[PDB]
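Asker: Given only the sequences and the hints, what does the whole structure look like? Please build it.
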Amino acid sequence: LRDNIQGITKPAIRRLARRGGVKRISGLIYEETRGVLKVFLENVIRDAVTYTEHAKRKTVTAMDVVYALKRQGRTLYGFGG
Amino acid sequence: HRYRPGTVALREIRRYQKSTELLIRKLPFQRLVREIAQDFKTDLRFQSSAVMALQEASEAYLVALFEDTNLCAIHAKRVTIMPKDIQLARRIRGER
Amino acid sequence: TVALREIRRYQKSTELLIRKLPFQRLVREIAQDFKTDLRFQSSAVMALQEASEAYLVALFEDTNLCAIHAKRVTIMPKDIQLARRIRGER
Amino acid sequence: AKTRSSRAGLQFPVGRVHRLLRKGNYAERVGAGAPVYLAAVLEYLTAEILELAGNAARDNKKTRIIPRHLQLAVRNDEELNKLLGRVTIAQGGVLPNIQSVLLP
Amino acid sequence: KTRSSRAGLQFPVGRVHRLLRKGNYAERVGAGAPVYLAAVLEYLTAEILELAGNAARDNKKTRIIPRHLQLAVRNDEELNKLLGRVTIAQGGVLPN
Amino acid sequence: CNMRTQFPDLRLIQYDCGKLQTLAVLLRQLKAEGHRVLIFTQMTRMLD
Amino acid sequence: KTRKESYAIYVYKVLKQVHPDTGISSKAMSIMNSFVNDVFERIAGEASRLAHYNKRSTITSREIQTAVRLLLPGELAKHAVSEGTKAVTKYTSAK
Amino acid sequence: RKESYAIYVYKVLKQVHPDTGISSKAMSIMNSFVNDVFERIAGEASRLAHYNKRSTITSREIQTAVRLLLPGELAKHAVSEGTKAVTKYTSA
Amino acid sequence: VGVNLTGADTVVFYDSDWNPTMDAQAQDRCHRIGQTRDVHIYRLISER
DNA sequence: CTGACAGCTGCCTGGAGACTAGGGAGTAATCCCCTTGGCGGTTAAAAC
DNA sequence: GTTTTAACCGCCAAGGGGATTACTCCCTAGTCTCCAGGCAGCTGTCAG
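Residue numbers (the numbering used here), protein chains in the order written: chain C, 80 to 160; chain R, 41 to 136; chain D, 6 to 95; chain A, 22 to 125; chain L, 642 to 737; chain P, 1214 to 1261; chain G, 5 to 99; chain U, 30 to 121; chain H, 3 to 50.
One or more of the hints may lead you astray.
If the Cβ cut is set under 10 Å, some of the chain G residues that face chain C in the computed set are [said to hold, decoys possible]: (1) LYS31; (2) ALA32; (3) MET36; (4) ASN41; (5) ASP42.
Derived by calculation from the structure, the hints in this document are not laboratory data.
Idealized CB from N, CA, C, for every residue including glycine.
Answerer: Okay, structure coming up:
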């Protein structure tokens, strides 16, 4: 597993922008969005991994991700708790 | 026939705002999540529900950031979104 | 020239920029609607003034950033509106 | 034997709320009327959000509430939007909102 | 023999234990939890106090004032992140 | 060139795997009798 | 095979009280359960903090009323307080 | 009687800066900061215990709360300090 | 299944598949109707 | 003049000392549910 | 509009975790008792 950040695809970012109401997109937006998503995922995953390690488990459950998002201030519904 | 610029963009804006489906393929996101997690701790298993929750949260965050970026672009009398717009939105949001 | 000197002078200082009596009058006028014959400790009013000045300074910083993003030096009310809209207090 | 929810006239369980309050480590003691009040408030909030969700579902020619209907209800109501400002609803989408300047 | 002295710390392990017990955090508090919490608090206090003292030395002063604490907090990135949403009375803001 | 760089003999390929030895013997005998042989393997690196 | 307490039946009862004809999906029911749990956690934590501030060892109807006033916006808080006080009065009358 | 961290903050300051004093307003700031971080860590520990269905707060809960709350270098240094303190406490 | 390699007359399996139907299909790639010579199958296996 | 450190006072409370009930380790043991290196198609989202 | 390729789907396999439920059982808190020290706070004193 290496250089997986390119999996965030240019049409995917365009679709997300269109859902966000963006009409025209510059060519340099995609790298910035990739970096932002990388940072956000890093933070959430670090918190979730800490939660799982506390429970003496090795499988990251959806409850741990929900708790991590709630701690970050981004409480998510529909995945328990 | 060729639609004038901006019409198809608005049409897909309406299409993607009508729906609620996830816009990022599941396998690339799962790979990215495993790649990010392998740095913090090796031999970690992700449940499918956890990955789906991560994808939903990430898509919601990116949609909100794109809304803020478009608001920044309308400010200063523009239509295109530029990296400076994202940077301004993030800086006002309190990140970095 | 004078603006930069004033910026530096107020940046090095720590004293409260808003006058105490007008802010107390405004706080009491606002509190009059929620409850009648309300008493305020002096420390409470000082805390309110500190919080209000910090909030206003932070908002002005965000609006100056918004104005700079608009290739302008002057801050305009649209900058305040966008700063509050992006921050989420709207 | 008569349940406390029946006595209070509510639908939410007073006994379950009392157990959760006791086991949640909120205080040494829990009052008798606290679970009743909390159940009433929870029932009212559920009623409001479900009324708006059902209105959205009827507006969408659908009988069952889906998460999109709940998201539309929450975001269209200003008070519920403020209450659930930092909350993301799974499979909820976003409100249809295209800025005026972008329109042709 | 003092429990704080036994643990080799300066913060009141006993007071932290009493606060954890009287607080409604859990129905049981272990022996090592107050010691660990006191150690963490002591470390954070030592860090912020060292930074404030360095700032005070940079200002040719001998007493720590709230301005020195504000400068120390805002200059250190980690402490700025920890206290990001915190306003210090009579602390001012960083030079700009 | 021979004094500047040395490459392993292609003979060493067969010497490191018994299968290749037996396959060489069998293939040469099959060609001697005048047949055509199809070799099937599950790995493409093995095909290389 | 173990009990998992949930507000599914109560949310369904409230839905039938409000809309006798409309229905709800499993994901929507999970979202509603999460919302109820979140509001419960918010109100309970606010009440616990209120009790701690006033050096009180109990959670009463006053604490939850103040928590609802602090959390919910204007009209929502007012109507919620009306409903809660009606419920508590009826409960006291029923003994 | 009112309890405060002024004595312990003064002792820590004297340990780190023997010749440096602290003003009363700064001491109040320090007390508020200590109470805030204490409450945050304790609340995270309580939530961790409740999530894992444990009736006891142990050193593991405090360590995990510290790792969750404090940023990287601060978190690792605090974890090392807490582990050292616990090791010294248990060996007596 | 569109391959008609009836010119060959010998098949050697470098390694064996876990599914014998696959090996049978490979054999039938040459052993089908329209082939006029005896077909031989050779399988190589490593001892121990 | 004026905040801050210190010597001293009075007191609440944390340090010893005992039982001990149970919350939290050991120990099966069941079962689901994968798990991943190498392969071969097959388009429809990507890419240009 | 025209061309690339990668989700992804299906084999192919042997076992391998590793959450769970249930049993037992025993260190370690909790509660109680008693007593002396850490501490809140007071004013005196002193540098700024």
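Asker: For every hint, state whether the structure bears it out.
Answerer: Cross-check of the supplied hints:
Taken as an interface hint, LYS31(G) checks out: its beta carbon lies about 6 Å from the nearest beta carbon of chain C, inside 10 Å. A cut of 10 Å between beta carbons decides the hint on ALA32(G): the least distance to chain C is about 8 Å, and the hint holds. Annotation: interface hint on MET36(G) holds; nearest CB of chain C at approximately 9 Å, less than 10 Å. Checking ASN41(G) against chain C: minimum C-beta separation of about 6 Å stays under 10 Å; hint holds.
Residue-level restraint check for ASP42(G) holds (minimum Cβ-Cβ distance to chain C is 7 Å; threshold 10 Å).
Against the hints set out earlier in the document, no violation occurs for any number.
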